[PDB]
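A.B. asks: Spelled out, the chains give:
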Amino acid sequence: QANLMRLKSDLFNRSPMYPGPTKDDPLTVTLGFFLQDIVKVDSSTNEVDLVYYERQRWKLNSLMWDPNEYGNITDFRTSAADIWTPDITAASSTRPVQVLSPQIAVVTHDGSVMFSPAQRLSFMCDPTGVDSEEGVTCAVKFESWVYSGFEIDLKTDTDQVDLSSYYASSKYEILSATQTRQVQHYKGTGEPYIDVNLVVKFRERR
Amino acid sequence: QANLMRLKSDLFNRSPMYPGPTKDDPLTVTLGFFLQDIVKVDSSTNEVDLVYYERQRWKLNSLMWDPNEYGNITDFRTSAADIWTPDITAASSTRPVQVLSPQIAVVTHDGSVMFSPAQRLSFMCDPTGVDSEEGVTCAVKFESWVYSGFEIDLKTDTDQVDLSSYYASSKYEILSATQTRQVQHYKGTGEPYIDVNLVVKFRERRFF
Amino acid sequence: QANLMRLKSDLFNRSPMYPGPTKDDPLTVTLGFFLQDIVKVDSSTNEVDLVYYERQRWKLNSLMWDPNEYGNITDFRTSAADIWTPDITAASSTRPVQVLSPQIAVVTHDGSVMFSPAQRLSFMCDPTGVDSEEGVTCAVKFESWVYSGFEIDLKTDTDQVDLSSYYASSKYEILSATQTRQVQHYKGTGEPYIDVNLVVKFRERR
Amino acid sequence: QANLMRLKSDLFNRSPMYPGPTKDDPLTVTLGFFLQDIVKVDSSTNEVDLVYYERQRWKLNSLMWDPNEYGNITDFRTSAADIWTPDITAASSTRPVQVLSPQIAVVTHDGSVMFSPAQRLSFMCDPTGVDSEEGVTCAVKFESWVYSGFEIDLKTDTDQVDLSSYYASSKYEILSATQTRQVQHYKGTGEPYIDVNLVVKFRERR
Amino acid sequence: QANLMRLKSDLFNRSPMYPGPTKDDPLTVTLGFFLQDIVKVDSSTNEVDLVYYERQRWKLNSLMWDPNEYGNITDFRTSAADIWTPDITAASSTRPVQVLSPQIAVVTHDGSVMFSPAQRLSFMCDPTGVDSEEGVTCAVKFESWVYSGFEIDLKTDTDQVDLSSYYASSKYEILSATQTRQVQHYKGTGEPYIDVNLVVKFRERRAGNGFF
Ligand SMILES: O=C1C[C@@H]2OCC=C3CN4CC[C@]56c7ccccc7N1[C@H]5[C@H]2[C@H]3C[C@H]46
Ligand SMILES: O=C1C[C@@H]2OCC=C3CN4CC[C@]56c7ccccc7N1[C@H]5[C@H]2[C@H]3C[C@H]46
Ligand SMILES: O=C1C[C@@H]2OCC=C3CN4CC[C@]56c7ccccc7N1[C@H]5[C@H]2[C@H]3C[C@H]46
Ligand SMILES: O=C1C[C@@H]2OCC=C3CN4CC[C@]56c7ccccc7N1[C@H]5[C@H]2[C@H]3C[C@H]46
Ligand SMILES: O=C1C[C@@H]2OCC=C3CN4CC[C@]56c7ccccc7N1[C@H]5[C@H]2[C@H]3C[C@H]46
Ligand SMILES: *[C@@H]1O[C@H](CO)[C@@H](O)[C@H](O)[C@H]1NC(C)=O
Ligand SMILES: *[C@@H]1O[C@H](CO)[C@@H](O)[C@H](O)[C@H]1NC(C)=O
Ligand SMILES: *[C@@H]1O[C@H](CO)[C@@H](O)[C@H](O)[C@H]1NC(C)=O
Ligand SMILES: *[C@@H]1O[C@H](CO)[C@@H](O)[C@H](O)[C@H]1NC(C)=O
Ligand code: NA
Ligand code: NA
Ligand code: NA
Ligand code: NA
Ligand code: NA
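Listed in order, the protein sequences are those of chains A, B, C, D and E. The first sequence begins at 20 in the deposited numbering and counts up one residue at a time. For the second sequence, the positions run 20 to 225, 230 to 231 when the deposited numbering is used. The third sequence begins at 20 in the deposited numbering and counts up one residue at a time. The fourth sequence begins at 20 in the deposited numbering and counts up one residue at a time. The fifth sequence begins at 20 in the deposited numbering and counts up one residue at a time.
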């Protein structure tokens, strides 16, 4: 533990936290979604509730070390409060997102950070058709709330959402789940910005 | 990262935070509303629930910098915790407002701040008749909870609430939505305060 | 801005916080209620929900200054966390009081503090009869939770609850609403204690 | 104001917080309940909700002073955050307990602390028979969550719950309410630990 | 109080907290569930709610002391904020776990830590057949959220869940409940990680054994 204590001390107390990207030094965050459950549907308010975890990855030079200097430690875990995290938000949620896992991130000696918050989200979705063979499709965009595409880029590794942890006895069966990067335009600043649109097609289990 | 670290350190550690406006140095805050959804109506309690974000803009001399001394940085993002923010509140909500976005603001080199919190609001609104062609009208005033018109002025860039992100499959269709500055006076004091009145006319969604 | 900064540092950093009143320096807090809505009634649990705001006022010598020493500043606003505030509570609430306003106070150069929290309160109230012409009466006492009448006195400017912001399209119509100082007793110390009794008579709107 | 600030500084700043009891110095905590309302009953989940305040009392040498050194102050009120408080918990609650009053304690010159939190509690209770002349009985134990009887003893000043603030128009009428110290032994350890059993027999109001 | 204050000062104020385990100093955490109640079942959303506490136990050399040097104190209690705690999470919860107990741990002189948080948990469970004789079975896996099997091992003291504080008048009777260590592997990555699988077989209560 002494070497990990040194490393954490060297990375966190010896300088300020990363202040976020800039135009001069923009940042790529990769996202993927792992969908666990569609919990419920409210046809009186057109809200659907999802449970998923969201893998976020990025890389900072300020978080690199040489494993040789610290007992060959090649990665560690630390509170998400110790580091900068991207301001990724659901654009059409109808309640504050609920946090379902520990807010802890993994940091690798090359400066890669992996943060995988599990979340319960209520979002804008009209579920009319869900009690049918064809089912229903809803979507919700994830984006940095404040950064433009000059500062933050969002990427995915695959446009296919991971269903390997989807609850087999959910009330709702998944027919398709995609995560698609998109470039939007903001009129206020004239600048592009990026979202990942999560689109889920689902039906009441037969 | 270096220059941005320096800028933030210079602005936030090398002085205390803006203490808010006074009568000798008043402040103008511009507001506008981007209405996203009428989620829910409750005809048993006369409460309606709205999702929207609120664009807030103000300018402070103490937040200005010369980009040439900071690697040509012209703006940055920072947590709303690092700066003063106006105490704007819905005057007729029935629940604590829920925050739906990161509490982060954009600060520009001229000292302009833009802060755009997304919110869910339950407020006082009689939905009797919302299942009709004419729909219903409800209104909610936004104001500083503690500052009068001698310290804080509120204004809008437009009268029209922005409906470009309004949810197309909401249970409720928006018929109109306006945001209007009003000058009020508190009880018998004759002392002025300003609000922005959010008036929304809507009906149950509907040939189709 | 700098004069206000100086004032606040002089008041808050150069002395600790007011420790609360004592038998020998008791404090008077004036309360007034501004009723906004009876939001709902639950006849199966005998709980009624009110929205109001609560004007609180008190005066401390430690918060006085001379406006001429501070660029003619006569009043300022500050976070209620920066100052002492009285522990006024509804004695028969059935849920934690929910806060509907910014927790900021107004301080005037004579040492007067005004704090006006808005609140949603569930409290004990049998609404049986609300659907008639005569209506129903319910009441709730507000008091310091830990101070006696020897440390904290409560007073009202007026017996009449202010209804100038009562919602005109409330499900419930206010027939009368008073706020009346009362003196109480308690055999655990014998000391008197003060409450403001909010008495509201209402019915379903016609 | 000044004597009180000096006293509070002497007690809280000049020394750290009481760290809790030990086998060598055990601590007796007295409890007493003041039952305000049975707010509701859920027969589909066997949960009942009570509102009450719970008087907690203990005594620490470290909180003593001589009134003559502090201008004859014989007591004061302070934030419960300033002092150690016992970790008493309802052992069969079904929801986190909701705090209904300011978390402020009374400290006396002899080192006695009195802390009286108002609370709403959902707990495990089968209300079958509540609508009958006999009514129903439910119980919940209150105990230290982490201390044995070697460190903490609990007791009551009376075995009768105080009903003098019980809500007179509650849906539920109280037939008896008792509070009784009990000595338990953990599994096969022989190690004692104490609880106060709150037993309430109630029925639907005639 | 003085001997305890010294002890706490020497353990917490002279060094930082345990930073967690690493591949070269891995940690074993022991978990035990004490099931108190199945509070409700929601057949419209396939969520069930449990009340339980969860005994967690682990041992750190950095929290050891000689009782001789501290007035024979052999253990103490302290706020869970003062120490490292393991990031154990239920993997199929559908709401944030609700905390029902004070967040305080017990630390012994050998450097053992025992933290027993009382919880209400909603989790993914299809209750279809819960009204029958044989009832229904649901499962929830508990695991470190960020550590793999190279840094954290989880085990149980025994496979039977402790039912000695299960509510005698719950709406639901427990037919069995077990807590079993499992080895998983993440995706195709080949890399192990451990869970404790909480498996509860339950039915709506009926008086008598229900099969006669
Ligand atoms: O600086 C802003 C302000 C505004 O905030 C409301 C939310 C918005 C949704 N996304 C999030 C990032 C944002 C954007 C793009 C490019 C530069 C700045 C920037 N934002 C927000 C903006 C809109 C549009 C866009
Ligand atoms: O006298 C008051 C108290 C009252 O407090 C509740 C909140 C209010 C919102 N704003 C903040 C300042 C205030 C106002 C304006 C002019 C003189 C007095 C005065 N205040 C508050 C008042 C209302 C209205 C207004
Ligand atoms: O010191 C106390 C403790 C006790 O706390 C439970 C609630 C109570 C209701 N009111 C609030 C103030 C109080 C009171 C009156 C006179 C001196 C001290 C004092 N309090 C509380 C008391 C009871 C009674 C009373
Ligand atoms: O060994 C234990 C663990 C168990 O933890 C859950 C909470 C409990 C409440 N109190 C706190 C101390 C305890 C107890 C008493 C005597 C020896 C061991 C012991 N504890 C906890 C125990 C229960 C019961 C009791
Ligand atoms: O690659 C990952 C990411 C993923 O993150 C979500 C949470 C998980 C719970 N534990 C924590 C460590 C982890 C794991 C084990 C072995 C290799 C990679 C790996 N992780 C996480 C993983 C799951 C599963 C497992
Ligand atoms: C940034 O600022 C410098 C000097 O302050 C100026 O010469 C130029 O316009 C900008 N960028 C450079 C030189 O990269
Ligand atoms: C304050 O009032 C004085 C006269 O009483 C006046 O000369 C001056 O303009 C005011 N000062 C400030 C700083 O506003
Ligand atoms: C305090 O008590 C002393 C001793 O009985 C008494 O003489 C004096 O009147 C009191 N002092 C103050 C400052 O109130
Ligand atoms: C602790 O134990 C020692 C050695 O067994 C014994 O001599 C003594 O009585 C105890 N010391 C204290 C300080 O209580
Ligand atoms: Na959002
Ligand atoms: Na989880
Ligand atoms: Na408000
Ligand atoms: Na508990
Ligand atoms: Na209260």
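Quick caveat, the hints were computed from the structure, so don't treat them as lab data. Even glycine gets a Cβ: it sits at the ideal position worked out from N, Cα and C. Each hint should be verified, as a subset may be incorrect.
As the list claims (entries may be wrong) - Going by beta-carbon spacing under 7 Å, a handful of chain C positions derived as facing chain D:
(1) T41
(2) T64
(3) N65
(4) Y89
(5) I92
(6) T108
(7) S112
(8) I123
(9) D145
A.B. asks: For each hint, tell me whether it holds in the structure or not.
C.D. replies: These are the hints, each one checked on the structure:
Using the Cβ-Cβ criterion of 7 Å, the hint placing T41 (chain C) at the interface with chain D is satisfied: the shortest such distance is roughly 6 Å. Restraint check, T64 (chain C) versus chain D: the minimum CB separation of about 5 Å is within 7 Å; hint holds. Using the Cβ-Cβ criterion of 7 Å, the hint placing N65 (chain C) at the interface with chain D is satisfied: the shortest such distance is roughly 6 Å. Here the hint on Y89 (chain C) is broken, as its CB sits about 22 Å from the closest CB of chain D, past 7 Å.
Interface hint at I92 (chain C): violated, since its Cβ lies 24 Å from the closest Cβ of chain D, which is beyond the 7 Å cut-off. This hint holds: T108 (chain C) has a C-beta 5 Å from the nearest C-beta of chain D, less than the 7 Å allowed. Interface hint at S112 (chain C): satisfied, since its Cβ lies 5 Å from the closest Cβ of chain D, which is below the 7 Å cut-off. With its C-beta approaching chain D no nearer than about 19 Å, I123 (chain C) sits outside the 7 Å limit, and its interface hint is violated.
Proximity of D145 (chain C) to chain D holds as hinted, the smallest CB-CB distance being about 4 Å (cut-off 7 Å).
Violated hints, in rising order: 4, 5, 8; the structure is consistent with all others.
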